[PDB]
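Missing here is one protein chain; the remaining ones are kept as they sit in the complex.
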Amino acid sequence: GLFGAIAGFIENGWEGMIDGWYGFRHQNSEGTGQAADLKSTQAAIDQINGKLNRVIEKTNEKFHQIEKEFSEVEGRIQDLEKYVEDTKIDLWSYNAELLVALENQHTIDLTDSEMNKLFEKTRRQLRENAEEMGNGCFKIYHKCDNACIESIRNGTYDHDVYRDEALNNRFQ
Amino acid sequence: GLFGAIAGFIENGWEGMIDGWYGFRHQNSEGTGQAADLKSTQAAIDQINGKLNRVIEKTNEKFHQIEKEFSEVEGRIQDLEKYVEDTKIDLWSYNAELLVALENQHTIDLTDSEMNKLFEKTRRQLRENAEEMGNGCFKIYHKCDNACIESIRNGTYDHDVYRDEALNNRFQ
Amino acid sequence: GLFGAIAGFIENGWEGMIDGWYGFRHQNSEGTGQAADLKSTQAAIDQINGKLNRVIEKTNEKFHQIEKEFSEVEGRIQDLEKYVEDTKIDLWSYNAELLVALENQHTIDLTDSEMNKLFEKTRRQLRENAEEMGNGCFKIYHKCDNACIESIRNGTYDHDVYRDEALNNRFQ
Amino acid sequence: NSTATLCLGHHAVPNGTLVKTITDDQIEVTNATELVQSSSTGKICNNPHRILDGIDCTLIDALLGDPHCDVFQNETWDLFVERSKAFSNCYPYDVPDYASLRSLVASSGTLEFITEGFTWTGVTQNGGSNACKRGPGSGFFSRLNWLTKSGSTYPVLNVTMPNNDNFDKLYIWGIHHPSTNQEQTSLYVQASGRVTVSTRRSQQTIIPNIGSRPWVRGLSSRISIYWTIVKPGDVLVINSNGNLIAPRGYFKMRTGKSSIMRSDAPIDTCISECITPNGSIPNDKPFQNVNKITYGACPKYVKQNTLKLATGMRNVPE
Amino acid sequence: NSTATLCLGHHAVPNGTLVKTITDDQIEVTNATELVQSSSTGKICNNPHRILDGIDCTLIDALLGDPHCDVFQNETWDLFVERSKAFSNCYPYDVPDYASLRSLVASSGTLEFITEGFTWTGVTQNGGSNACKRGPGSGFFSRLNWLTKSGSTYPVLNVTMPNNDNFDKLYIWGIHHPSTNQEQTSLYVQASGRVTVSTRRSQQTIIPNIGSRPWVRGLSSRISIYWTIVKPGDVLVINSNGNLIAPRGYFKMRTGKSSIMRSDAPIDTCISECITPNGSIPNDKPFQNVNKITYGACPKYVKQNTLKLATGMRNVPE
Partner (left out) sequence: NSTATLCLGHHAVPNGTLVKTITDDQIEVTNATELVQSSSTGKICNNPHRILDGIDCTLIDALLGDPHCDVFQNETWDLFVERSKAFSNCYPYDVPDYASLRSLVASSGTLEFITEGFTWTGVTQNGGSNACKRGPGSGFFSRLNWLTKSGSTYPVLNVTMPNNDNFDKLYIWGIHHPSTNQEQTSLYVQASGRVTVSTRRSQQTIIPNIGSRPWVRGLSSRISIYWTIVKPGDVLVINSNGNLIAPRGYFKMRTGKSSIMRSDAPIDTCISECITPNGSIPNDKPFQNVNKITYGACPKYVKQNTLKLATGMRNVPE
């Protein structure tokens, strides 16, 4: 939520998206369509999996310890044992809480950053043939086919072929 | 300080601002003015209050404990008690320090991010009738009234009505 | 890696850069060149040094403690001492790990943010006389000398002198 | 003019506050709040906890029945406050494992004493001393019974007491260490004493140590204090042939929230949930730097004297 | 139309999951995973650990050789499980520092007993009791030797035992506390007993305490149990003149991974690496909220009952 992409200038999500996490949706002169982008989804999935499998691997193995349940009242030694146990439990619960609280924030912020990165890349591709409409979509001022949007999707859009037509369409 | 909005491309603050945390200040053809924006201020205040009231709620309640001040020198038990107390104090002071150190950084970064979000929204509203002057202000290339700036402030600016005039003013 | 500047839209690094961390490299009508920018490098160095010298200052000074190595088997007191020591070691190793894991991420993200800040400042300077080519370079549509690039480097570029020539060059 | 301008910005204050960050150590923000409570009021509020003021008596003397602590019979406390001006004015005594008994009785929270009918046949009961005057005449502890020889003999005492209730019973007894070898045989005809107290799972046997001690209030003899705990379904047996300070009953043992604290602060009628030896401290902040001894819902003791948390943006004045 | 459009967006799910963050306390994401294991299966798997089920016997009774624990001779355990239905059916005894011996033998992991040839001349061996019937006749513990007078005298026993091996030896002995002063002189002609057990660096001397105790299984006498550890190169000397429960050999002392646990859960043939007094729990999660007593590679005990970690983006539905 630091970049303002998810829950920011993109109003809602797409519940019909089942291929990946991030994707496109175009409205053309031949109809409508929809697709996904594998790279951003893969980056997010790899980062989240790395984090998850980072935290959950084990570190402790204890065999013999002290007594923690007593049937009598004795004195100093029992008091010290109970104090030690209470201190250990209270000091580990705080770590358990803080780790989750920090990692959830970092996960949310990185999954928000990936969307902004994809948006900025798509903006940088359409050099001066498109205008940002403010709600997550680009208005492309020249006429594409279903093969023009796919060149924008797999990163080989050639902007200089449609430059003169777009400039005469948008500025006059 | 990660986005470069506060203490970045905005030189100083406005000490005459007493309504909210973020606001506007326009220079028109009929005079000058000033106002505030409630939404960004409200988001920042809600986040900071949530964080604050998150950390300060209580968790401990202790009634009987061990002895921590002695009048004699005895031996092993007293040494172990003093060691336990020293370890507990040293382990809690580190947490006290680290929590504050992390949360202050996060607060500063989020209060910096809100300004950048407001700026980017205002830039996205003025589609091609404005130019960014580099110091936090927009130069609007058509002529507004005191009712044109207020349409930009409450999020209902219609860019296509002044498009032809602005394009002829800025590009020729 | 949250802003997508380093290892993002900038393909690789410059191993011939030995003056600073961030710098420029221009291709002109009189030849090529290279230089550095002191301010971004200084900001990054100051932040990283502050962090480093923040963590490494000392806090502990212990003179008398408990016994931690025994030659016999005794019973309850020895068990409690070994438990205390094991708990202390296990609780300090986790902090040692988490501090480094958090600070490395923050260092990487801030050193990535400085590059994006420099790029955005350079973009804001060249108001409408330049176009972003998508790989980290700007195409400047008027003709500069070795003294025009240096005005862009020390922050005194005057965009309005070359505006008409650039607008006639890029749009027609 | 045929143009306009629209500038954006944030607020600033003339004096801001310096806070610490991950990068910087002193950065100026518009506002900050304090997180470490470092002051105390100086008094101990008596609400909503039940505080008992041990003016001139300790816990053990109020347990045994010192004649100047007879106002502390069946005192029920939630926190016992022990003053430093306390002293003893009865028979000089001694407790092996004093801290254990003090912490056992402090955390129980009651001095409720049920008297029981023991049958000691062949001895003289209600022994007295001139170092423990209760009124104008000689006296002794009010919870103990000093038995001596009856005429010319001291038989082997052997008594029993079963526990048919559903709670634990605490018995307090003792042994008398004389000063010379002449006063031993003039109080207990046997030249050596021995006290055995046994349950179905434990046993304690003590033997008196004749010798001289420093004079304390006019005496060079001593008393050693021991205790026994009888659980429901158990039984207690006492065997002896001299040097026995018999009990008169049992204390009821409870479990709950109770403790003890050494402090010389007065007591007022305010309301607070945390109590330190310096007085009551508020608990609105998570940390505190007053005392590491605390009772109630108290903040944690840290070593830092100030920690400020930022609740505003950065301060960049004109 | 001579234009086009290209919109970007992300996915959402109808029901998401609420998680906690640094700022918010309840924020809805598309997916989350649980981090705290809070349930148990109810049984204790016997793989890959070696579990020993102490059905009706404790560890100390299986050490001494109770007649109803004779199936536990040379038991080798990796984790001893103690039930609450355990009881004793032999001579009533007592152990000073019981927890120390219990933890010393629990962490050793063996009950291997090597018998040694002691020479007791002048006394009668293999004493018996009618409270410890082993079969149809009287009996005693199987690892101890009750010596009494031989005809009309009881000489001063003085025996030695060297340690020439390369491991430590654990000797278990005891002392007999009689009931009256008549049965003392009818078993040991001396009117007072004493037992000294000494190595080159330590010594223990115990003296019997004559007295009456509560009746337990028909007896009012007692036995106190002590132990000695002989290191390689040392020597053991036993001196006595009455009231000696001699040993018959030594236990071998080892060091490794072994412990003891009180639990009333049955044992099955599954596979698990963690064991709690509630049964075996899986260890796929880093934290657990079942029991703070654990054996093996177990997660840590926390006080929270649920902690969810987000593994997806934020959920913004239509």
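Per-chain residue numbering starts at 1, and chain names A, B, C, D and E are given in the order in which the chains are listed.
One rule holds for everything that comes next: contacts are C-beta pairs under 8 Å (C-beta built on N, C-alpha and C of every residue); 3 or more make two chains touch, one makes a residue touch a chain.
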item	value
Contact with the hidden chain (one of D:86, D:159, D:216 or D:267)	D:216
Touch residues of chain A, complete complex, unshown partner	47, 50-51, 54, 103, 106, 110
Touch residues of chain E, complete complex, unshown partner	158, 160, 194, 196, 198-203, 205, 235-237, 239
Chain D residues touching the omitted chain (full complex)	94, 177, 209, 211-214, 216, 222
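Here is the rule we go by: only the chains that are shown with their structure count from here on.
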item	value
Chain pair with the higher count of C-beta pairs in contact (C-E, A-E)	A-E
Repeated interface matching C-D, over half of the contact pairs identical, chosen among C-E, B-E or A-E	B-E
Separation of chain B from chain E, taking each centre as the mean of its C-alpha atoms, in whole Å	59
Rounded Å distance, chain A centre to chain C centre (Cα mean)	22
Whole-Å separation of chain centres (CA-atom averages), chain A against chain D	58
Touching two or more other chains - residues of chain D	22-23, 99, 103
Touching two or more other chains - residue numbers and ranges from chain B	2-3, 60, 62, 64-65, 77, 80, 84, 90-92, 102-103, 105-106, 110, 171
